[PDB]
Every structure is written in structure tokens, then in C-alpha cells.
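Participant: What follows is the residue order along each chain.
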Amino acid sequence: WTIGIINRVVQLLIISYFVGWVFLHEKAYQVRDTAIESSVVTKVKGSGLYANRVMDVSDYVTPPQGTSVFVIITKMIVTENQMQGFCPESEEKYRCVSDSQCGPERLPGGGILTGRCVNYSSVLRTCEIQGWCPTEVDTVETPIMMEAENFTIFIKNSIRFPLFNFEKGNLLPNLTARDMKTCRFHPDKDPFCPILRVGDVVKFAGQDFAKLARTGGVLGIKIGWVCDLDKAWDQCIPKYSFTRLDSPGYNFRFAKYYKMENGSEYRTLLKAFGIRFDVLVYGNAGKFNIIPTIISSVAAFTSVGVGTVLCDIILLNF
Amino acid sequence: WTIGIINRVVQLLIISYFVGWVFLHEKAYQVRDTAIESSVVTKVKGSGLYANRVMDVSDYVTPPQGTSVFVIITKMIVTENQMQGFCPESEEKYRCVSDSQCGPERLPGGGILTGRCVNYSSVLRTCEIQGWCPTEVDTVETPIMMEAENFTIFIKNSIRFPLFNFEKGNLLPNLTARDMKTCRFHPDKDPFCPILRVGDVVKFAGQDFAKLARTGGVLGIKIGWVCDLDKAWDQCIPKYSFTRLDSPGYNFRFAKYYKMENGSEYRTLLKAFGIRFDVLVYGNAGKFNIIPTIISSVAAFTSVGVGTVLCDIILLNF
Amino acid sequence: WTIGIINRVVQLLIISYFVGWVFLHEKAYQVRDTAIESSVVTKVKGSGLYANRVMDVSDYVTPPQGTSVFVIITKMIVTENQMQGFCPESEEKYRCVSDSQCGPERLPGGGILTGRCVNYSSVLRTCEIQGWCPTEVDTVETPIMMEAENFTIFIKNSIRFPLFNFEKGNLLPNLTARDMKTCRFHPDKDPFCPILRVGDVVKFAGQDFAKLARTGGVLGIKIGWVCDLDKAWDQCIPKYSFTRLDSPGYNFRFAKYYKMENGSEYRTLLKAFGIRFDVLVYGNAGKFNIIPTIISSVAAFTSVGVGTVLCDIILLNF
Ligand SMILES: Nc1ncnc2c1ncn2[C@@H]1O[C@H](COP(=O)(O)OP(=O)(O)OP(=O)(O)O)[C@H]2OC3(O[C@H]21)C([N+](=O)[O-])=CC(=[N+]([O-])O)C=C3[N+](=O)[O-]
Ligand SMILES: Nc1ncnc2c1ncn2[C@@H]1O[C@H](COP(=O)(O)OP(=O)(O)OP(=O)(O)O)[C@H]2OC3(O[C@H]21)C([N+](=O)[O-])=CC(=[N+]([O-])O)C=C3[N+](=O)[O-]
Ligand SMILES: Nc1ncnc2c1ncn2[C@@H]1O[C@H](COP(=O)(O)OP(=O)(O)OP(=O)(O)O)[C@H]2OC3(O[C@H]21)C([N+](=O)[O-])=CC(=[N+]([O-])O)C=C3[N+](=O)[O-]
Ligand SMILES: *[C@@H]1O[C@H](CO)[C@@H](O)[C@H](O)[C@H]1NC(C)=O
Ligand SMILES: *[C@@H]1O[C@H](CO)[C@@H](O)[C@H](O)[C@H]1NC(C)=O
Ligand SMILES: *[C@@H]1O[C@H](CO)[C@@H](O)[C@H](O)[C@H]1NC(C)=O
Ligand SMILES: *[C@@H]1O[C@H](CO)[C@@H](O)[C@H](O)[C@H]1NC(C)=O
Ligand SMILES: *[C@@H]1O[C@H](CO)[C@@H](O)[C@H](O)[C@H]1NC(C)=O
Ligand SMILES: *[C@@H]1O[C@H](CO)[C@@H](O)[C@H](O)[C@H]1NC(C)=O
Ligand SMILES: *[C@@H]1O[C@H](CO)[C@@H](O)[C@H](O)[C@H]1NC(C)=O
Ligand SMILES: *[C@@H]1O[C@H](CO)[C@@H](O)[C@H](O)[C@H]1NC(C)=O
Ligand SMILES: *[C@@H]1O[C@H](CO)[C@@H](O)[C@H](O)[C@H]1NC(C)=O
Ligand SMILES: [Mg+2]
Ligand SMILES: [Mg+2]
Ligand SMILES: [Mg+2]
Ligand code: NA
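Protein chains in written order, with the entry's author numbering: chain A, 21 to 267, 276 to 346; chain A', 21 to 267, 276 to 346; chain A'', 21 to 267, 276 to 346. A prime marks a further copy of an entry chain.
Chain A on its own, in the form it takes in the complex:
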């Protein structure tokens, strides 16, 4: 009967269309390269005021070289003119009543205990220690550099998909609305401008610059390179997203080492709180390939061939 082939032909049309659209949607004919090879060069620009000091890129940015992870220092604690010696620790956790509770068995690790219980002040009695004196008092409150919100981060990112040897950069003057020197990334108005406003990045990550600068934190500027290398070079485009990674705070210690004319050594101990920026470059490209196209083909051919049998059994049996 002719209807049998009109039923089978309709079966093949519909089923093959479902299968066809499904496989065509997931790019099942594409080999995928998920090992992007990225290079990131960052440059921060701006100046702020902290205490009665002016902070420039050499004062608050660390490291200086412009790596994928850098820190803009917003608040810091200074302990000036430390020198090796003996002094009573100011931390209450080191409180003692006699030299019998200042032995090595107490607080394993941490500073060096001399073994004497000494009077840091009139209100506290702590174990004496050998080290940089006086000791640090990290419980005080200090200001924060507010101008850091208005600093700009310029991110140059140069990636390459090695499986296809397709390399490209994120400096795209045609895609930017304004000049490169004066543009400013906006997810909607200028999403390809490589210049980011620090405060903007803080907003895109859903963070308050006040609290963040106060406690420090870790934000991620995410550069995504989802690309179809079957399409034009113009189609491989970076997409920027932002996130807070510590989800607290972020601080680190470093000293400025000075020496006296008589040769003795003394440092300025600095506890730095700031916003660390981690440029995280993800990317995956898909290029047409014979092998995935053949495997997907056999899959769709056989799958339709079974679906028509099952549909005949489900339809005819009913």
C-alpha cells in the first residue's frame, strides 16, 4: 500500500527533523579545543590620598610587572622602625601570669618566646619574645584610600587555541564605540573596551567599595572566549564577567628594610589590605571535523532507523 510509505516517509521527515535539529544545535559535528593558551598584561592607573601621603601606581600596586593577579592596596597598618630584640607581645592570646606558662609547649608556632612573662603595659601581661620590636598592634582602625575606586585597570589579553592554532587578541578597535585611550568598559555600552573602572568592576561583582576596601577581598575579572572557528575570525569574541572569589577579606604583610649609618638594621612593617584582581581567561572553540561528523551521522541514521520501528510498533499496535 502507498500509505505505508506515506506513513514511513512522514515518520522519516518528522523524526529526522527532531534528530537533525538536536545534533545541529549542539554542534556535534565539531571537535572542541578547551585548552586555551592565554597571556594577560594588566596596567593600573590612578592616584589616591592616604593619611598625609599620595599613593601612585608604585605605592599601592603589587606586584608591579602587571601580571594576571595584582593587588591595589586600599588600607594598611604601619609599624615603623622595628629592630631585633626582646619585648612583650601585645596580643592578649599571649597573656601570662608567670614564666611557667611561657614555655615552648604554649602556642606552638607563632613568635619566639623568650620564656619570661613581662609587662607589655600596665593593663596586660604577656610572654616576652625575641624578634622585631616593638611588636605589632593589628587591632587599631585606619583610613582607606577612597580614590582607588576611580582607578582604571587596562587588561590586554592575547589567547590562542592550539588544536587549531587560532590566536587572537582582545584589543578590538572596531568593536569599541569610543577611542581606546578614552573608552571605558560597560557591559552594555562598551563591552569590548579593555579599560575597566575599579569601582565599576567592584559593582559588576556585587560588592560595596566601602566594606571591600575596609576588609580587603578577591575579585575575578573573567574573560571568556567561546568561539566557533567554522565562522569568521570576526566572530571569535571575548566576553567579560566578574565575581568575588573569597565570598573574610584579604591582607598580607611586607616590610621596608632600612639600615643605619652604624650598620644596624631596622624595617617598617606593613600589613596591607586591598583588592586583589585575578584575570581568569576561559575559552573553547569548535571547528568542523570529519570524525565527529561521521560519528554523529551514524548515530542519527541508526537512531531514526530504530525510532521508525518503535513508532510503527507504538502506532500500529494501538
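Incorrect hints may have been included.
Remember, identical chains collapse to one label, so a pair may be satisfied in a single copy or spanning two.
List of simulated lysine-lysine pairs, BS3-like, C-alpha gap at most 30 Å [stated by the list, open to error]: (1) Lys284 with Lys242; (2) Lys65 with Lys201; (3) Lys47 with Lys284; (4) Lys223 with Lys188; (5) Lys299 with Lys201; (6) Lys223 with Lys287; (7) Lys251 with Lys209; (8) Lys176 with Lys113; (9) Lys47 with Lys287; (10) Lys287 with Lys315; (11) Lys287 with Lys259; (12) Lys231 with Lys188; (13) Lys231 with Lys315; (14) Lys315 with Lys176; (15) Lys63 with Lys251; (16) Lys315 with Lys223; (17) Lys287 with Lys231; (18) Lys287 with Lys113.
Don't read these hints as lab results, they were simulated from the structure.
We have chain A; now place chains A' and A'' with the ligands onto it with these hints.
Facilitator: Chains A' and A'' with the ligands only, in chain A's frame:
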């Protein structure tokens, strides 16, 4: 004959069970994301004694920012108060008999030869050089900071599988037996505590803290995120492993730059030996997908369909 | 007719050979690990002359620890003995006629404007600023350290394919023609020597050491680990390539902080131009697997089964 279908039905039962278990074991129905996106923040805590000095996190940890690669300095060589000028190199390799063998053709690279053969000491005669004087003597023996074995490394790791947008952290209070502030990673007792004892890490890597601190080395704290994103969020868990990567030693040079009241410059040249720690975050997730499930399906369907024919030929023919 | 099976047998021979060679060529029977886990330790050696100074590894290499990204400083701009205060900016862009155009609305960001229009020199009138004085003059011309071309970069790279737990290093004495201490990488003569001549690396990237050292730049030493883990351990070999990533220049600012006997602070501000080296380790391994071998098998079986039908229709119909 009915037995023919009882033979075929048994064929399908057994063969389909083998195939079924095989494909089900390898998660052939899963798409895999092998491009983990990790952020690592490390913090070292402890204090040691070297010479008649006390070393704190600001003295032996470099860099200070808490990156994925950092160095705990255990031994160092100091050459204090160097100044630009001329002096005889102390390295024997520069030995000379006359100014005729101190020309640019000799030892290309390395220091700057003035062209004069001068007497470094009474027992050695070396080419004179222009540079930081006096020259370094890197053949002496120095102590090592033993307290560095008892230092603790706290590793905060925040990763994300972008193909599935599944992000998670390694701070898991429910998985840790003890408090986060006081716990200590143990592969068996507390394998999810983010606080690692330096000496412990040295043991897990099969290394002697004595020899390692003496010669320096490169160890890797490996964080693995093998996850089945078909299962619960609770099931995606990090697994820590450890390894020595240099498999010798590790050292680097840096100077402390001082200036005189009259303006002349002089530095303290420091050759640092320590234990560099590289946090290596691997991970791959598998989530159910229609495409891999269909491809594997067709594969198992056809494979059984051929195995039954071949088994009929092998069985019936015999 | 026997010819029908001689036609079919020839069909299967030819078609199956095409399919067979195609699938065998792309290693369709292999699972692939594209998430290499690499560790990179770099060491630069050499000395240069800049001004009347001698630069050693402690002077021009930054950072010192030997990471995968480092910088060899070739040219720099020094602004010595800066101190917080007020002074007229030397940048023409800050030119003013009266204090009415030195308000916060002008040049948002950048230095701190006091609000006064002052005379930097007799030929220029600029807004006065609070900060490190005097201000920097980054428009002068300075020499470049030519010896940096002859420096050597030693790259120790230790990678691991985690999916197969196959770890290996790039120090291969058997593959190197000369001794490790004296060899020198040459793409043809010694392509496995880990010691690279800076000038050589500059040539392999198609760059002029003169212009590059003058303006600075970003080069990439690419280490590729394409490996067939079905073959011998000896067959997994690294291949080095080179590229310029900025495709201008590269510079960064850092200061040397000094303190006076009376306690006031003053720094030497340094703008550094150099060649940043980024070690980019790519790699992917392929190991025989049952699942990819079965999927490819079904694909080739079915594909031949359809090609023979289509070829019968194309041949017989004609
Ligand atoms: N907020 C910002 N506003 C303006 N410029 C900013 C900003 N942040 C970073 N930059 C960098 O500043 C460089 C131009 O400097 P410019 O502001 O005109 O002059 P300055 O006198 O202030 O100092 P400079 O030229 O940086 O030494 C560009 O170099 C690069 O990135 C730009 C660059 N570029 O934009 O062309 C490409 C590049 N690579 O690698 O392709 C590297 C740069 N870099 O490292 O600065
Ligand atoms: N051996 C160690 N013992 C105790 N604390 C240690 C140790 N190593 C590192 N830390 C970090 O120390 C922080 C708590 O400091 P705590 O010891 O209580 O106070 P201190 O007065 O000694 O100095 P501090 O608070 O660090 O400035 C925590 O912050 C963090 O990691 C912890 C942390 N945390 O544990 O909650 C989360 C975090 N991120 O990003 O989520 C970053 C930290 N960090 O950078 O230190
Ligand atoms: N152009 C170069 N010529 C000669 N040696 C150079 C050069 N660049 C770097 N190096 C490193 O120099 C080390 C040997 O030093 P050597 O030149 O003999 O002695 P020096 O007195 O000059 O100073 P040093 O031993 O480095 O403190 C080796 O250590 C290592 O890499 C080698 C090394 N190695 O070559 O055996 C293995 C290693 N890891 O991790 O396996 C790390 C090294 N490293 O960090 O220097
Ligand atoms: C950032 O720039 C805006 C623009 O004029 C300014 O109003 C604001 O005060 C600046 N932020 C700080 C902290 O000075
Ligand atoms: C950028 O714009 C110019 C227009 O002058 C065009 O010729 C060029 O092809 C464009 N490049 C890309 C990558 O779009
Ligand atoms: C160097 O002088 C300072 C005070 O100027 C003093 O505290 C120190 O003890 C002196 N050096 C030595 C080794 O005594
Ligand atoms: C490390 O801690 C243990 C615990 O008391 C102590 O016995 C040992 O001396 C410490 N190590 C060093 C080098 O002091
Ligand atoms: C952690 O423990 C609490 C128990 O108070 C539980 O409610 C929570 O769901 C747990 N979270 C995870 C991720 O296991
Ligand atoms: C500065 O003084 C030191 C000794 O105090 C001396 O060696 C040096 O020559 C002086 N500076 C100059 C430029 O001579
Ligand atoms: C590099 O080495 C060669 C080899 O002798 C030498 O001729 C050349 O002058 C050196 N380069 C510089 C900048 O000195
Ligand atoms: C290196 O050479 C030696 C020859 O003495 C040989 O025994 C060894 O197997 C070789 N190793 C490799 C990895 O080729
Ligand atoms: C310290 O001395 C310098 C000159 O030697 C001077 O400029 C400065 O004002 C002095 N310190 C203070 C706080 O005045
Ligand atoms: Mg304290
Ligand atoms: Mg020497
Ligand atoms: Mg300027
Ligand atoms: Na298939």
C-alpha cells in the same frame, strides 16, 4: 523453534549486560569539562630563628601576596655592603696567569671583565671585574632555619567548571573534623582541612626536611576536583596530593638596596635557598548529556546486534 | 552470481580501507587528556652595563623567584630622591592658564591637583600637584643594556597528564647533543637543550633586539607536549616554539624606598622597560581506550554498510 529465541534472548541478556556495565562504568553518557577555573590564595604562618635573627612571614615568604607559587626561605647567603667598582673575582673558574687570558673571548657572559689579572687573595689569581664589590663567595656553609618545618600553609582554593557554571570552594566546615582555626590536614584524619603543616607537606612528598632545607627544592600541593555534576553538590569534593617537582635544589638572588647620606648606593646581596610551593589545581566534571547518551546508545545497540550474529556463527558453527 | 560477491567484496575492501585509514589517522580509538599540569622554573644568567653601572641577575630580573613570567630590564628611567610635597607637574597635558582650570573636574584620575596653576618652568605652566616631587619626566631618551641579548634563560618544565597520571620532565640528557651545562637550544642542532640565548629567543620570535629593548615587549616561550601515551615513554617529547604576544612595548614602575636619619622618607622612582618572558606550556596526550574504540568501530561498520548500499545504487543504476 522456541529454543532459538531462548538462545537469542540469553545472548541479548548476557551481551547487553556486559556492554551495559562497561558503558555505565565509564560514564559514556556524560559530557566532560576538563578546563577547571581555579583561584588560589595561600597564607603561611610561623616564625623561625636564623643566625641571631628572627624570621617572620615578612622575612622568609616571597612573594608576600599569597599566590599559588610561593617560597619559604630556609637558608641564605649574605654579601653585605656591595658597591660598584673593580675587584678580583673569587671564583676559581676565572683563574688567570696574565691579562692575556682575561679578554672578552673568555667565559662569554657572566660578569664584566676589566681585562686585568689581579690577586683576589695570596692563593688565587683571578680576572678583575667591574661590578658589585666585593664579589660573592657562594662556596661557604651556612645554617638552616629549622622552625620552617613547623610553619603552616593555609590554602584557600575557589574553582569553577565553566561548561556547567558549577563553582565551589575548598573551605568545607562540615567535612572537617575539627574547627577550621585549629584543624590540620591529615590525608586520613582530616583530609579536608585547608591548613597544612610544612613538615607534613614535606613528608607527604617523601622528602627529608634536613636535606630539602639545605639544598632547597620545589614541591607541589595538588588539588584534584574529580566531580560527577549529576550527583549532589555535596559530592564534588577536593582531594589533595603532594609531589616533588624538581626531583638539584632551588635558589634565587635578590638584593636589599640602601643609599648613603652622601648619595652613594650599596646593597646587601642575598642568595636564598628555600622550599617553593606550587599549588596545582586539576579537575574534571561529568554531567549527563543527550548527545553522548545517544552516541553511546547507538554504539551499544549496534555492538550487541553484531555480537549476537558473531556468537551465533561461533556457537552454531561449532 | 559470484560476481555480485566479487563486486561486494571489492566494495568492502576499498571502502573499508578508506574508512580504516581515516579513523586510524585521527587516533579515533584514543581518549585525549588536554588538561596538562605543568610546573615551570626559570633561571636567567648574565651581566650587562647600563650607564656607569653593572647589572646582574639581582638588578634586571624581576621577579627573582624564577616564575613562568619574568622580565629582563633593558632600559629604565630614574627619578631620584622624590619626596611628598607640592610641585608643578611637567606633563604638558596639565597645561593651565589660571587656577580655574585646575579643578577636580579636569583630568579625572591621574595625580592629585592642589588647585593652583604654577610655573613648572619658564616655557610651561602646569597645574600644581601634591605627591612625589619633583615630578617625573618620561619624555627623555636613555640607553639600553645591550649585553641582555647575550643572557641565557634556562627553563626547567615538569608536566603531568592527570587523566593518565603520566608525568615527565624536559631535562633530557640523551636527547641533547652537548652537555647540559654548555649546550644551547637550537631548533635544529639542539632542540631539547633547556638553555636559551636571549638573543636567540628574540630571533626565533622574529624581533629586533634593538627596537625590542628600546620599547620593551612581551615574548612567549611555548612548550608543547603532544604525546601518544600508547607509545614508549621515550616518545613523549617537548617541542619549543616562540612568539611575540603584544604585537606597543612593555614598561612598569617601581620605587626604591629610602629613609633619612631624621626619619623623612624619599624614594627613587624607576620606570622599567624590558622583555617579559611568558612560558606557555600546552600539551595533550592520547591513550587507547575501549569506549572510543567501540564508538569509532560502530561508526566505521555502519558507515561502510551504508556506503556499499549507496555505491550499489550509484553503480547499478548507471
Ligand atoms: N587606564 C588606562 N588609561 C590609559 N592607558 C592605560 C590605562 N591602563 C593601562 N594603560 C596602558 O598605558 C599605555 C599608554 O600609556 P599613556 O597613558 O598614553 O602614557 P603615560 O605617560 O601615562 O605612560 P606610559 O606610556 O604607560 O609609560 C598603554 O599600553 C598598553 O596599555 C595602555 C597597551 N595599549 O593600550 O596599547 C597595550 C599593551 N600590550 O601589551 O599590547 C600593553 C600596555 N601596557 O602595558 O600599558
Ligand atoms: N596556619 C594558619 N592558621 C590560621 N589562620 C591562617 C593560617 N594560614 C593562613 N591563615 C589565615 O589567617 C586568617 C585569620 O587570621 P588570624 O590568625 O585569626 O589573625 P591574625 O591576628 O594572626 O592575623 P590576620 O587576621 O591573618 O591578619 C584567615 O584568613 C584566610 O585564611 C586564614 C581565610 N580563612 O581562613 O577564613 C579565608 C580566605 N579567603 O580568601 O577566603 C583568606 C584567608 N587569608 O588570606 O588569610
Ligand atoms: N644559562 C645557564 N647556565 C647554567 N646554569 C643555569 C643557567 N640558567 C640557569 N641555570 C641553573 O644554574 C644551576 C647550576 O648553577 P651553576 O651555574 O653551576 O653555579 P653558580 O655558582 O653559577 O650558581 P648556582 O649553582 O645557580 O647557585 C642549575 O640549576 C637548575 O638550572 C641550572 C637545574 N639544573 O640545570 O640542573 C635544575 C633545576 N630544577 O628545578 O630541576 C633548577 C635549576 N635552577 O633553578 O637553577
Ligand atoms: C570618582 O570620580 C567622581 C567623578 O567626578 C568624583 O565625583 C568622585 O569624588 C571620585 N571618587 C573619589 C573617591 O574621589
Ligand atoms: C576593522 O575595521 C576596518 C575598517 O577600516 C576593516 O577594514 C577591518 O577589516 C576591520 N577588522 C575587523 C577584524 O573587523
Ligand atoms: C646603632 O645605633 C643605634 C642608635 O643610633 C643603636 O640602637 C644600636 O645599638 C647601634 N648599633 C649597635 C650594633 O649597637
Ligand atoms: C616543631 O614542633 C614540635 C612540637 O613540640 C617541637 O618539638 C619541635 O622542636 C618543633 N620544631 C622545631 C624545628 O623547633
Ligand atoms: C553543612 O552542615 C549544616 C548543618 O548545620 C547543613 O545544614 C548544611 O546543609 C551542610 N552543608 C553541606 C554543603 O554539606
Ligand atoms: C660616599 O661616602 C663613602 C664612604 O662614606 C665613599 O666610599 C664614597 O666614595 C662617597 N661618595 C662618592 C661619590 O665618592
Ligand atoms: C654577545 O656575544 C658575542 C660573542 O662574542 C659578542 O661578540 C657580542 O659583543 C656580545 N653582545 C654584546 C651586546 O656585548
Ligand atoms: C638514556 O640513556 C641511557 C644510556 O646510558 C639509557 O640507559 C636510558 O634508558 C636512556 N633513557 C631514556 C629515557 O632514553
Ligand atoms: C629631614 O631632613 C631633610 C633634609 O635633610 C628635610 O628636607 C626634612 O624637612 C627633614 N624632616 C622634617 C620632618 O622636616
Ligand atoms: Mg600580632
Ligand atoms: Mg660568584
Ligand atoms: Mg608624568
Ligand atoms: Na556512534
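Participant: Indicate which option fits the pair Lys176, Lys113 if close means a Cα-Cα distance not exceeding 30 Å: within, between, both or neither.
Facilitator: For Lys176 and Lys113, only the inter-copy Cα distance (25 Å) is at most 30 Å; the intra-copy one is 47 Å.
Participant: Reference check for the pair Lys251 and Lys209, CA-CA at most 30 Å: within, between, both, or neither?
Facilitator: within (25 Å within a copy, 40 Å between copies)
Participant: Could you place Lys231 and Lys188 in one of the four classes (within, between, both, neither) given a Cα distance threshold of 30 Å?
Facilitator: Between copies only: 23 Å across, 38 Å inside.
Participant: When Cα atoms must be at most 30 Å apart, do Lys287 and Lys259 count as within-copy, between-copy, both, or neither?
Facilitator: neither (49 Å within a copy, 46 Å between copies)
Participant: Within a copy, between copies, both or neither: which one fits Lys287 and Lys113 at a CA-CA cutoff of 30 Å?
Facilitator: This pair counts as neither: shortest intra-copy Cα distance 32 Å, inter-copy 34 Å.
Participant: Measure nothing new, just compare the shortest in-copy and cross-copy C-alpha distances for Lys287 and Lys231 to 30 Å and report within, between, both or neither.
Facilitator: neither (37 Å within a copy, 33 Å between copies)
Participant: At most 30 Å between C-alpha atoms: does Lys223 with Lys188 qualify within a copy, between copies, both, or neither?
Facilitator: both (28 Å within a copy, 22 Å between copies)
Participant: Is it within, between, both or neither when you check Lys47 against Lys284 at 30 Å Cα-Cα?
Facilitator: For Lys47 and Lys284, neither the intra-copy (56 Å) nor the inter-copy (55 Å) Cα distance is at most 30 Å.
Participant: First find the shortest C-alpha distance between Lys299 and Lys201 inside one copy, then the shortest across copies, and answer within, between, both or neither for a cut-off of 30 Å.
Facilitator: Between copies, since 20 Å is at most 30 Å while 34 Å is not.
Participant: First find the shortest C-alpha distance between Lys65 and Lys201 inside one copy, then the shortest across copies, and answer within, between, both or neither for a cut-off of 30 Å.
Facilitator: So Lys65 and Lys201 pass the 30 Å test inside one copy only (12 Å; across, 38 Å).
Participant: Give the relationship of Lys231 and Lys315 under a CA distance limit of 30 Å: within one copy only, between copies only, both, or neither.
Facilitator: So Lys231 and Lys315 fail the 30 Å test inside a copy (45 Å) and across (37 Å) alike.
Participant: What label fits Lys287 with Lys315 when the C-alpha limit is 30 Å: within, between, both, or neither?
Facilitator: Neither way: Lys287 and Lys315 sit 61 Å apart in one copy and 59 Å across, limit 30 Å.
Hints 1, 3, 6, 9, 10, 11, 13, 15, 16, 17, 18, counting from the list given before, are not met by this structure.
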